[PDB]
Structures are given as C-alpha cells and as structure tokens.
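Participant: One letter stands for each residue in the lines below.
Protein chains: 2
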Amino acid sequence: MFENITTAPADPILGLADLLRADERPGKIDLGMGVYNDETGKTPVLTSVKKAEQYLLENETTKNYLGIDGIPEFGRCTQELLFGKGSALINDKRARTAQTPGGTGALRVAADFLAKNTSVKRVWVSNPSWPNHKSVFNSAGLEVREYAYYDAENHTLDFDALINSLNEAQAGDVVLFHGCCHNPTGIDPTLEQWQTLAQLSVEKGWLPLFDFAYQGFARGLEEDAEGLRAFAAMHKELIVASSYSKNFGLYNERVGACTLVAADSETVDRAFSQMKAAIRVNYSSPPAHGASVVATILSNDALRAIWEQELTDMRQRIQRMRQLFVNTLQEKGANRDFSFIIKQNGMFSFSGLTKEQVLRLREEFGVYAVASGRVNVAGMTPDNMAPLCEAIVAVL
Amino acid sequence: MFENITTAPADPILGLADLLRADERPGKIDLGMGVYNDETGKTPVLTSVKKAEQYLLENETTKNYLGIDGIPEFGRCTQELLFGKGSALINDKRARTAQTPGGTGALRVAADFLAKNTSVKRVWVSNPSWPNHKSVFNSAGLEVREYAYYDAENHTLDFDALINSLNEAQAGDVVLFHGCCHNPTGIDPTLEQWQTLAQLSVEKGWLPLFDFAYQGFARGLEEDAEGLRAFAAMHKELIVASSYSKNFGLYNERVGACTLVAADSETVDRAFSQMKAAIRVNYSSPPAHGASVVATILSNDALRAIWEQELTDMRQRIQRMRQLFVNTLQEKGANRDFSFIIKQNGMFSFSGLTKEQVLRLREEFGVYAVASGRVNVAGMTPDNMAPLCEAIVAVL
Ligand SMILES: *Cc1c(COP(=O)(O)O)cnc(C)c1O
Ligand SMILES: *Cc1c(COP(=O)(O)O)cnc(C)c1O
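Keeping their order, the protein sequence lines are chains A and H. In terms of the working numbering, the first sequence opens at residue 334 and continues consecutively. In terms of the working numbering, the second sequence opens at residue 334 and continues consecutively.
The set of hints was computed from the structure by calculation and includes no laboratory data. Incorrect hints may appear among the rest.
[Stated by the list, open to error] Straight-line alpha carbon distances no greater than 27 Å define the calculated DSS-like cross-link-like pairs of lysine-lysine that follow:
id: 1; chain 1: H; residue 1: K449; chain 2: A; residue 2: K467
id: 2; chain 1: A; residue 1: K609; chain 2: H; residue 2: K454
id: 3; chain 1: H; residue 1: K383; chain 2: A; residue 2: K449
id: 4; chain 1: H; residue 1: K609; chain 2: A; residue 2: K454
id: 5; chain 1: H; residue 1: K418; chain 2: H; residue 2: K609
id: 6; chain 1: A; residue 1: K676; chain 2: A; residue 2: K688
id: 7; chain 1: H; residue 1: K676; chain 2: H; residue 2: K688
id: 8; chain 1: A; residue 1: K609; chain 2: H; residue 2: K609
id: 9; chain 1: H; residue 1: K384; chain 2: A; residue 2: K383
id: 10; chain 1: A; residue 1: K569; chain 2: A; residue 2: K454
id: 11; chain 1: H; residue 1: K454; chain 2: A; residue 2: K454
id: 12; chain 1: A; residue 1: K449; chain 2: H; residue 2: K609
id: 13; chain 1: H; residue 1: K537; chain 2: H; residue 2: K426
[Stated by the list, open to error] The following residues of chain H were derived to be distant from chain A, with all beta-carbon distances above 12 Å:
id: 14; residue: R409
id: 15; residue: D493
id: 16; residue: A551
id: 17; residue: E570
id: 18; residue: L636
id: 19; residue: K665
id: 20; residue: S672
id: 21; residue: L692
[What the hints assert, rightly or not] For each label pair, taking beta carbons as the anchor points, the in silico distance ranges come out as:
id: 22; chain 1: A; residue 1: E336; chain 2: H; residue 2: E556; range: 31 to 37 Å
id: 23; chain 1: H; residue 1: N337; chain 2: A; residue 2: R409; range: 27 to 33 Å
id: 24; chain 1: A; residue 1: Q656; chain 2: H; residue 2: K569; range: 54 to 60 Å
id: 25; chain 1: H; residue 1: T339; chain 2: A; residue 2: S468; range: 39 to 45 Å
Cβ atoms here follow ideal geometry from the backbone N, Cα and C, with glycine treated the same way.
From just these sequences and the hints, can you work out the full model?
Facilitator: If you want it as structure tokens, here you go:
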C-alpha cells in the first residue's frame with residue numbers, strides 16, 4: 334500500500350529546524366521559526382505562566398473531557414481581548430468561541446466549517462503571507478487567490494495595488510487579513526486604511542477572516558485590535574482565528590481560538606453547532622492545560638499584571654534589536670540602507686535578501702533564515718549581532 | 334453567509350452531557366460517556382500523573398514548539414507498549430509514531446493521510462462500533478462499510494458472519510479492528526480468532542487499522558496487545574491509532590498516537606513524511622503537557638510502578654461493578670438473565686435495552702445511557718447501584 338508514496342517537500346519554515354540539528358558547525362544563528370528569545374538566546378517559560386501552572390497543580394481535581402468548544406472562561410476572556418470589554422458583539426451575544434489546538438488549529442477548523450457549510454469557494458490571501466495559509470485552505474478543498482500587498486521596491490504597503498487587486502474579489506469570497514504584525518513583512522495598515530477596508534468589505538460583500546497570532550507585539554493589546562474592531566463595528570459576520578502561542582510563550586501547548594460572529598445570537602448558535610460538528614470529526618475536544626493557563630492568568634488581576642509586563646518586555650526587546658540591527662549593519666559597512674526595517678513591527682522583517690543570499694548565509698556562515706528573506710529579529714541578541722551582521726555584509 | 338446554515342444533529346454520546354447539565358432532577362445517574370469513576374463517582378487525577386506534573390513544573394525550561402511528530406521518547410515508549418520490548422518491528426526500525434491530540438486525532442490524521450496518499454477508498458468497521466468512526470472517515474472523503482460482528486440474540490461474537498461478511502472486502506480496502514474492549518459490545522476475539530483474522534487479512538490483502546483506546550482494561554497491558562502483535566507478526570504494513578485518555582485518566586489533555594508500519598525503514602520514512610504534511614495543515618504540532626506526562630511516567634521505573642497499579646485498580650473496580658450489577662438486577666427482580674454482561678470486558682456493556690427503554694430511563698428515572706443501550710459500567714458505584722437497578726427493572 335505504501336510502496337509508491339512520494340517524499341513530501343520540506344516545510345519552508347519547519348524544515349529549517351531539521352537542518353539546524355544536523356549542522357555541527359557551532360556558532361549557528363537561528364533566525365527562522367517565529368519564536369521569541371531573550372537576551373540569552375533562550376525561550377523561557379513566562380513567570381506568570383509558571384505561577385498559573387503551580388495553581389493548576391494544586392487545584393485541578395479531574396482531567397475529565399472539556400466540552401467540544403473548550404473552557405468557557407477561556408472563550409469569554411478571548412472575546413474581551415479581541416473586541417473590548419464593553420463590546421456590543423458580546424452584550425448582544427453575537428459571538429461564539431471554540432478553544433482550538435493553536436492558531437493553526439483555528440484556521441483549519443474555520444476552513445472545514447466553511448467548506449462544508451457555506452457556498453464559499455475562494456479565499457484571498459496577501460502576497461506575501463505565512464506559507465501555511467495556502468496549504469491549510471487548499472487542504473479543506475478551497476481555492477486560494479492572492480492580492481497585492483507589499484511594495485518590494487519601496488518596502489511599504491502598496492495600498493492602491495491592494496484595493497485594485499481586491500476588486501477581483503466577488504461577494505461571498507473570503508478575504509484573510511493579518512490582525513497586526515503582518516507575517517512576513519511586518520507592515521500593517523494604518524487605522525484609516527483599516528477603516529477604508531472595512532467599508533469596502535461591507536460594500537463588496539466579502540466575509541472577513543482575521544488571523545490574529547501577534548496581538549500585543551506591535552503597539553499594545555488594545556491598539557493592536559483597532560483594525561479588527563473597525564471591521565467588527567460594520568460587519569454582521571466574520572471569523573477570527575487567534576493564537577496564544579507567542580504572546581504567552583505557550584507554543585507547544587497549542588492554545589488558540591476560533592471565534593465566529595453572526596448577525597444575532599440565534600444565527601451564530603446554529604452556525605456554531607456545525608463548527609462543533611467539524612471539531613468532533615477532527616480531534617473531538619481541545620487540550621486543557623494550555624488554555625487553562627491562559628484563562629487563569631487573564632481572569633486574575635495579579636497574574637494578568639505580571640503577564641502584561643512580561644509581554645511589554647518582549648515587545649521592547651525586539652524593538653531594541655531592530656534598532657541595534659540597523660545600526661550595526663551600517664557600522665559594519667553595509668551596502669545599502671536598511672532603515673526601513675525600523676518601520677516594521679512584530680518579530681519579523683522582510684530583509685530583501687535573495688534566495689541565493691539566504692542559501693549562502695546558511696551554507697557559509699551558519700545563519701538560518703527563511704528562503705523568502707524573512708528574518709526573526711526576536712532571535713537576535715547583543716551577543717550574535719556582530720557575527721550576524723558581518724555575515725550579511727559578506728553576501729551583499 | 335450564515336443565514337441558511339442548518340442546526341447540526343446532537344452527538345449520540347457527547348449530546349448526553351448537555352442533557353445532564355440541563356436536568357435539575359437530583360440523583361441523576363450518568364452511564365453515558367466512557368469515563369472512569371471511582372467508588373465516589375468522581376474522576377480524579379491519577380497520583381502517578383500528579384507526581385509527573387510536579388516533576389514537569391520544576392524541570393521544564395521552555396514551551397518552544399515540539400516537532401510535528403511530537404516528543405520522541407513518547408513515540409518510543411508508545412511503540413514498546415504496542416509491539417513489545419524486543420519487537421522486530423522496532424529493531425528493524427519499520428515503525429514511525431506521531432504524537433497526536435487524542436485517539437480521535439490519531440484516527441483523523443490516519444484518515445487524511447490515506448485519502449490523499451493512497452488508493453484506499455473504503456474502510457470496513459464493525460457493526461456496531463463507536464459512532465464517531467463512520468463520521469471521521471466520511472469527513473476525510475472515505476466510504477464506510479460495515480461487517481457483521483455482534484450476535485444480538487446470543488450476546489456473543491458471531492465469528493462466522495464476520496468472516497463471511499468480510500469476504501466482500503477487496504484487496505486494498507482498510508479494515509478497522511478494536512484492539513481490545515470492543516466499544517460498545519465489550520466482546521473481543523479470542524487469541525485463536527485474532528490469528529485466523531491475521532492470516533485471512535494477509536491473504537485478502539487488507540490494510541489493518543487498529544483503534545487501541547483501552548489497552549490495560551481487559552486483562553492487562555501485554556495481554557491486551559496479543560491481537561495486534563499477532564497481526565504485526567505477519568503484516569508488512571499497518572496503522573495503529575492509540576489513546577492514553579482512559580488508561581492514564583488524561584481525557585482532556587488529548588494524548589494519543591498514530592503509528593505507521595511499513596515493510597522497511599526507507600518506506601516508512603517516506604510514508605511518514607506525508608503523514609507529517611497532513612498534520613502541518615491541521616494543527617501543526619501536538620500539545621506537550623499530556624504526552625510529557627505519559628513519557629515521564631513510562632520512562633521512570635518508580636512512577637511506572639505506581640501507574641500500573643492504579644490502572645490495575647481501575648480494571649478491578651469495573652470488574653466488581655460488573656458483578657454487583659448482575660447480582661443486584663437478579664436480587665431486584667430482573668425479568669431476564671444478564672449473566673452475559675459478566676463475559677464482556679472494558680467500561681461498557683451492550684445491555685440489550687431498546688431505544689424506548691433508554692429514553693424512558695432518562696425521562697422518568699434520570700438514568701442516562703446511550704440510545705444504543707450501551708451503558709458505562711465504570712460509572713456505577715455501590716451507592717447508585719440500587720436505584721439504577723430498580724429503574725432498569727421498572728422498564729423491562
Ligand atoms: C504563529 C502563526 C499562526 C498560528 O500558530 P500556532 O503556533 O498554530 O498558534 C498563524 N498565523 C500566523 C501569521 C502566525 O504567525
Ligand atoms: C475513547 C475512544 C477513542 C479516542 O478517544 P480520545 O478521547 O480522542 O482519545 C477512539 N476509539 C474508541 C473505540 C474509543 O473508545
């Protein structure tokens with residue numbers, strides 16, 4: 334049965350991990366997968382998280398199955414984080430949230446739900462975008478189209494090409510938007526552009542689907558949700574796939590959420606029943622530990638205060654490396670100006686390096702980045718900055 | 334977009350949970366979902382598990398993503414549990430294991446993998462079987478056929494109808510087998526019958542797929558794997574979807590595994606690469622906490638000793654309730670003989686009650702069981718046995 338199966342192509346992001354643990358050459362620098370590192374180059378467990386785990390160990394009395402949609406409190410805290418404490422969406426009970434296994438899990442559940450319960454056939458994604466986006470929607474049987482987004486020449490958001498590109502999007506098509514910290518460009522729309530998009534969306538009849546995996550890494554928790562809230566104010570329906578992997582440093586516990594919004598509570602309830610059916614035939618019910626930690630933290634004023642500060646520390650350290658990176662490149666005799674990197678938010682940065690330059694950095698210097706030229710600034714430390722910049726200068 | 338979505342039908346098993354927490358009538362008795370309860374009617378965290386969680390809290394230094402296939406040690410301990418310490422399958426490196434989110438997750442991953450990488454089009458399942466089996470395979474686009482299994486009249490395994498029924502299975506079809514503790518009948522094939530099936534399987538060219546969610550609940554860890562090992566000895570290829578939800582009482586942490594076996598290491602490696610591709614487009618990587626606990630326990634002689642005993646205690650308490658159940662029914666003036674229930678293993682028992690009798694038990698007595706007449710013996714306690722049996726006698 335398995336004789337003729339072909340070897341699957343390596344994942345553009347996850348595949349780097351395999352190359353790393355196969356490279357003896359010490360001094361390696363990992364700027365691939367989007368994981369936060371502190372000044373030491375380690376990815377520690379947040380203190381707020383350890384304290385929540387301590388709490389769960391002392392108070393958990395059973396591991397009995399959670400409902401298909403997960404921990405209710407988790408869903409509530411998630412909705413408040415997304416739409417705001419006194420949001421009308423919450424008061425009118427127009428939103429239902431299912432706890433899922435990571436942000437990827439949320440996107441997959443949204444995909445399956447749409448494919449077998451709606452007339453949706455096309456999903457529009459930005460060019461460029463997280464590579465797994467196309468793969469997930471295609472796996473559900475949905476076709477993916479791309480819309481212009483990044484201006485490679487000016488290293489900015491080409492809003493005119495975006496709008497014009499989307500005119501090709503028909504009513505009933507899904508349009509995916511990154512909530513903030515666009516992966517891989519790091520370029521997000523301004524508040525006015527979001528408002529223009531929200532308006533256009535309603536008029537063209539698109540179904541907005543937000544991928545929110547970096548809330549808190551651009552400017553702040555509330556500020557980072559302004560774009561989504563602009564859409565939520567004019568739309569009757571939308572879908573939000575969120576992730577807590579990065580802002581809680583809970584990567585391997587797979588904590589995410591898929592939020593569904595409809596015109597009213599009776600409609601979202603009916604729709605949600607079909608979303609739960611899609612979960613039952615996938616993994617049945619979500620993993621408790623990770624989500625339990627997030628709910629415990631967000632619902633406790635003491636722990637939430639600590640967590641919010643740790644999040645602020647992470648954002649500020651990336652902003653510092655982003656600065657040290659640009660200065661060191663210049664200081665090390667960089668060819669061109671990389672000041673544009675200062676205007677990008679999040680862990681990433683589209684460096685502008687070609688595939689060959691990325692390959693050479695890996696082959697000759699032990700510097701690992703994604704073939705697209707995407708680099709994880711969060712993987713930069715005051716200690717590896719020098720050799721990293723020297724390697725980059727050598728390939729320019 | 335969501336205006337015309339229809340309400341999904343309630344899950345035959347999970348739906349009971351909703352009815353329970355909507356029923357004021359105190360004294361309710363839950364014999365539905367397959368969850369273990371102790372003499373108190375509670376589902377506690379195993380002591381071995383709490384100790385492992387204590388260990389993880391003190392020693393975990395990062396929550397960084399696990400590989401797509403999960404924790405390597407977990408995979409190793411799983412293979413040893415399934416095939417045996419000195420198994421040839423392990424020595425020849427013919428098996429690859431992916432850590433998944435529960436046993437359901439393992440079945441879904443196996444389904445997706447088969448649908449897009451093989452010529453498989455049909456999956457044969459026993460009549461009756463866990464209801465979610467048909468739903469999971471159908472969701473992957475595979476058709477499901479049923480083969481005779483249970484003799485409703487004699488309350489035994491009709492081996493002749495099974496064999497004859499399977500002659501309709503073509504080479505290249507998948508045939509699903511419950512490793513032990515058949516859900517819902519509790520009737521498993523004898524070792525000689527397994528051997529006859531293994532032989533027939535090889536000859537007809539079927540691809541065996543074992544659902545192993547109750548290892549340790551029939552006779553013991555090793556004894557419960559005799560059937561699978563009989564197949565593993567004659568087959569070049571097979572798939573095993575296992576679950577640790579029940580034997581570790583880790584239901585809500587979603588810990589399972591999907592093991593793939595091929596003729597040789599180069600073939601299983603190629604095949605496995607495609608299985609990982611299927612995981613990447615679903616939930617990306619598995620939840621660490623649950624599996625970490627299982628690996629910590631199984632790899633530590635001290636903790637494994639405690640866990641094995643707790644497992645033995647669970648099996649023995651169900652065997653006692655199975656006895657007290659039959660005796661009390663007789664003692665309470667039961668109509669017919671339920672001695673056949675003593676010959677069934679696992680948490681369940683196909684009681685023989687009709688759908689109406691099950692509905693009446695729920696409506697008039699607050700006793701909840703699955704419409705098929707399946708009852709969770711593990712939910713019976715010395716305290717609820719009397720009222721439970723009185724209710725059953727009243728509907729006979
Ligand atoms: C990290 C990320 C996700 C989801 O990741 P999970 O690890 O599954 O939580 C989704 N979209 C983008 C753009 C991401 O960066
Ligand atoms: C419990 C069970 C499963 C899988 O359950 P998970 O909770 O997803 O681990 C699969 N098959 C049968 C027959 C089961 O009883």
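Participant: Confirm or reject each hint.
Facilitator: A quick look at each hint next to the structure:
1. Distance hint between H:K449 and A:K467 is fulfilled; the C-alpha atoms sit about 17 Å from each other, no more than 27 Å.
2. A hinted pair counts as satisfied when its Cα atoms are at most 27 Å apart, and A:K609 with H:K454 qualifies at roughly 26 Å.
3. As the CA atoms of H:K383 and A:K449 are separated by approximately 41 Å, the hinted pair breaks the 27 Å bound.
4. Between H:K609 and A:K454 the CA atoms are separated by roughly 26 Å; this keeps the pair inside 27 Å, and the hint holds.
5. The suggested pairing of H:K418 with H:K609 holds, with an alpha-carbon distance near 26 Å, which does not exceed 27 Å.
6. Distance check on the hinted pair: A:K676 and A:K688 sit about 23 Å apart at the alpha-carbon level, within 27 Å; holds.
7. This hinted pair checks out: H:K676 and H:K688 have alpha carbons roughly 23 Å apart, not beyond 27 Å.
8. Of the pairs offered as hints, the one joining A:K609 and H:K609 holds, with about 25 Å between alpha carbons and a cut-off of 27 Å not exceeded.
9. At roughly 16 Å between alpha-carbon atoms, H:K384 and A:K383 fall within 27 Å of each other, so this suggested pair holds.
10. Note on A:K569 and A:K454: the hinted pairing holds, with a Cα-Cα distance of about 20 Å set against a maximum of 27 Å.
11. Between the alpha carbons of H:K454 and A:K454 the distance comes to roughly 25 Å, so the proposed pair stays at or under 27 Å and holds.
12. Taking the CA atoms of A:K449 and H:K609, the gap is about 24 Å. The hint holds against a cut of 27 Å.
13. Only pairs whose Cα atoms come within 27 Å are accepted, and H:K537 paired with H:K426 is accepted, the gap being roughly 26 Å.
14. No Cβ of chain A approaches the Cβ of H:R409 within 12 Å, the least distance being about 17 Å, so the stated non-interface status holds.
15. Annotated as non-interface, H:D493 keeps its C-beta farther than 12 Å from every C-beta of chain A; the closest such distance is 28 Å.
16. No beta-carbon of chain A is positioned within 12 Å of the beta-carbon of H:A551; the least distance is around 22 Å.
17. Not every beta carbon of chain A lies more than 12 Å from that of H:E570, the smallest distance being close to 5 Å; the non-interface claim is violated.
18. The claim that H:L636 is not at the interface with chain A holds, since no C-beta of that chain comes within 12 Å of its own (minimum 16 Å).
19. The beta carbon of H:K665 is kept farther than 12 Å from every beta carbon of chain A, the shortest such distance being approximately 30 Å.
20. Residue-level check passed: H:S672 sits 32 Å from the nearest beta carbon of chain A, beyond 12 Å.
21. The beta carbon of H:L692 is kept farther than 12 Å from every beta carbon of chain A, the shortest such distance being approximately 22 Å.
22. At roughly 34 Å, the beta-carbon separation of A:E336 and H:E556 lies within the given 31 to 37 Å, and the hint holds.
23. Between H:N337 and A:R409 the Cβ separation comes to about 28 Å, which falls inside the hinted range of 27 to 33 Å.
24. Restraint check, A:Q656 to H:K569: a C-beta distance of roughly 59 Å satisfies the suggested window 54 to 60 Å.
25. At about 29 Å, the CB distance of H:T339 to A:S468 disagrees with the hint of 39 to 45 Å.
Checked against the numbered hints above, the structure breaks hints 3, 17 and 25 and satisfies the rest.
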